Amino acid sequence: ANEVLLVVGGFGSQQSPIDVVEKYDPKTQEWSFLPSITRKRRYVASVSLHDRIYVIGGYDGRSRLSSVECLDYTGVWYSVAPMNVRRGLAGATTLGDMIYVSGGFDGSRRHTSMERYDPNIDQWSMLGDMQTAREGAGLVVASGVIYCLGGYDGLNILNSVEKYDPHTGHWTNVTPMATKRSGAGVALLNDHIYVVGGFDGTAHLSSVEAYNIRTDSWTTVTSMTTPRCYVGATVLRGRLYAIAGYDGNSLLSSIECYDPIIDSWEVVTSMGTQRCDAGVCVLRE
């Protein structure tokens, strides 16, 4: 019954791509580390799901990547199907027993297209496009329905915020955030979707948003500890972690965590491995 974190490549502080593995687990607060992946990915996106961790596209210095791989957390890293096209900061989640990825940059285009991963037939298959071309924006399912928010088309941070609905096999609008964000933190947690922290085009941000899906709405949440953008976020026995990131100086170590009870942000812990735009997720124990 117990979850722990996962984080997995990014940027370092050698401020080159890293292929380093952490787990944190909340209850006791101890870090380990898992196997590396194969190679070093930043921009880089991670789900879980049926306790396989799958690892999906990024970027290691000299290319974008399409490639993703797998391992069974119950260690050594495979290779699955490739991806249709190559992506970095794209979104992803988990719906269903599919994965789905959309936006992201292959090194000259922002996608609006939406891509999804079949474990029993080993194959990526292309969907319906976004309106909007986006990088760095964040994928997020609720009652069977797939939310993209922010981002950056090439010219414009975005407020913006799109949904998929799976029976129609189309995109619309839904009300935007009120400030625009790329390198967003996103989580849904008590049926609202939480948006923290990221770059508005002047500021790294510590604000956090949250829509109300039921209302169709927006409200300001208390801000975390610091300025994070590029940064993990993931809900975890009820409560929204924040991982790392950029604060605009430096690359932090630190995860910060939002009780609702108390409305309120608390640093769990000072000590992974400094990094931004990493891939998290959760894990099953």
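For clarity, a rigid core is taken as the largest C-alpha set superposing within 1.5 Å between two forms. Positions refer to the first chain, counted from 1. Compared with the form deposited in another entry:
- Among the candidates 82, 166, 119, 96, the CA atom that moves 2 angstroms or more between these two forms after core superposition belongs to 166 alone.
- Core-superposed comparison between these two forms: the Cα of residue 272 travels 2 Å or more.
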Given for the second form:
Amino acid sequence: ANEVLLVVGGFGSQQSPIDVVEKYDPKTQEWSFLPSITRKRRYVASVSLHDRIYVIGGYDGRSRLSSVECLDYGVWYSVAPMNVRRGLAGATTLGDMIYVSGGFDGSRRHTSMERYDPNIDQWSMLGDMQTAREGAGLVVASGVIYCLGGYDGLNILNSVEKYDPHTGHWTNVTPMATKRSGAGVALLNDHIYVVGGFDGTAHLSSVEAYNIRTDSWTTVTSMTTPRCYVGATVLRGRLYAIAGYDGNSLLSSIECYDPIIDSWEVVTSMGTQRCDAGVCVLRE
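Same protein, different state: after the form deposited in one PDB entry, show the form deposited in another entry.
Next up is only this chain, free of partner chains and other molecules.
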């Protein structure tokens, strides 16, 4: 068994959306290049479902994209597009379907969430959030979907919402201490970790952890550097922060969170500097 890191698209060195796809193997501690996605995509999302990498939404420098494309872990091909053009949307997996909420279509931010079923190749609309959010994070915790942070066109948000499938509505939970947009969101053990982001004035290195059991927020040792629009994932039980913008330059860094000694250390760096790129973890 081995778990690989995948980084797709984003905003590159040359101040442009990019199509680059990189793979990190921790066993070899080595980076590899994969076939590039068919379209340059910044503000993009990415998920893993049945050994498939899904690149969702984004912004190609001209339009924000309905299109979604897939790679079987190789060749990249398009699948059924979303009902909404979504840039900077939250994406996650639940059961064996893909959930994508929020985003920006070029004129309005979205309360919508939708669901991709691969067995019928379909995107289905579901219940709307209370607040439209772009740059918000999506995660699954105890079989329930959480969407955190973002930006509604007016203020940066500390609001966190949770989805109730039995009613089709979202209910608010205890908000985060710091309003964050472009923060990385992941689930590690019994805590939802939110890393970095932007609070309206400063680029954040702060990290918060929400306890699934107690429903309470805590502050954690902050990352080695400020990161906004940084990827966050869990690989073989360790939390990883991926690239991002440090307030002045794009980042190559990938850093790991050590829970036993409670510290962050940069573990590796990619061949490209990216922010708001899609991140996913795939099991080999």
